[PDB]
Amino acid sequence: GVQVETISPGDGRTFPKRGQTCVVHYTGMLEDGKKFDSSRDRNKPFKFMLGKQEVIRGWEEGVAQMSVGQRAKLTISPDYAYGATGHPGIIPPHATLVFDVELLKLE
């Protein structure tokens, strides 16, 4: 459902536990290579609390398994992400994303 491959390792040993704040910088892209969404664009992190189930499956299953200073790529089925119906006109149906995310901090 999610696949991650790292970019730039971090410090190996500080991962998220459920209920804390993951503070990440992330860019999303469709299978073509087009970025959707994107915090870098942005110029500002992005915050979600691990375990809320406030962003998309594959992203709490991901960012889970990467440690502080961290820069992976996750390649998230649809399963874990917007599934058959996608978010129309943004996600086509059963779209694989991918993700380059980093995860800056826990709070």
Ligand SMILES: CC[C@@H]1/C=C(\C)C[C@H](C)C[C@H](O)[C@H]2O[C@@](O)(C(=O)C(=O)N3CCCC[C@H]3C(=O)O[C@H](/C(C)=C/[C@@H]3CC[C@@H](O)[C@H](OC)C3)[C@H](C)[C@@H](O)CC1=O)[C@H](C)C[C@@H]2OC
Contents of the next structure:
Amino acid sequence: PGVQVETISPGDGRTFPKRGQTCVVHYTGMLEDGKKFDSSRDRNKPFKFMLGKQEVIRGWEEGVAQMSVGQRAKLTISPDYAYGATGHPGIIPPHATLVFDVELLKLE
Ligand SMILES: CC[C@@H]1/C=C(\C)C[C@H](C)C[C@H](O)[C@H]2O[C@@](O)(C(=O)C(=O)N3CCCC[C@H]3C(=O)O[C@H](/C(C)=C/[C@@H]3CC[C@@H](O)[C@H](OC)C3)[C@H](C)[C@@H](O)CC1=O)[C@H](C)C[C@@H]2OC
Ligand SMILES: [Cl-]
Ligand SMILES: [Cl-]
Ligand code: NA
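Now show me the form deposited with the ligand bound; what you just gave was the form deposited without the ligand.
Every chain and every other molecule in the complex is listed next, the one we just looked at coming first.
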């Protein structure tokens, strides 16, 4: 599948992201073996995005939509739902499944 969502800690079970809302998260991105390539936690600066604008990889678009506020989850994202056969220069190999540890902090 494009994205698999595995819950580390549950959310509120009620408030799921909608278009027009700003999602505020912490994340760590890694390959399937846990090798880290990026993190907002390390910047002590949360990351913000919105649905419906093609502004995040599709695995986030579909994965974070399945999370409720407060949830921490592992999103396992297939290459086609991430950087595909290309990868990301300097960072992500071709054909890489990505794992993001995401905490959905709030909706703004
Ligand atoms: C203009 C520079 C502008 C950069 C900004 C705002 C700095 C960010 C804080 C960090 C960078 O985005 C950094 O994050 C990563 O380390 C990372 O962990 C990651 O994969 N993401 C970050 C968290 C959310 C999921 C995912 C994502 O979707 O990021 C978006 C991304 C790169 C979407 C593309 C858009 C084109 C489209 O063709 C492509 O489809 C395949 C998807 C990003 C927030 C953009 O919306 C904004 C930017 O690129 C990748 C490995 C390398 C990245 O550097 C470039
Ligand atoms: Cl935003
Ligand atoms: Cl925006
Ligand atoms: Na943008």
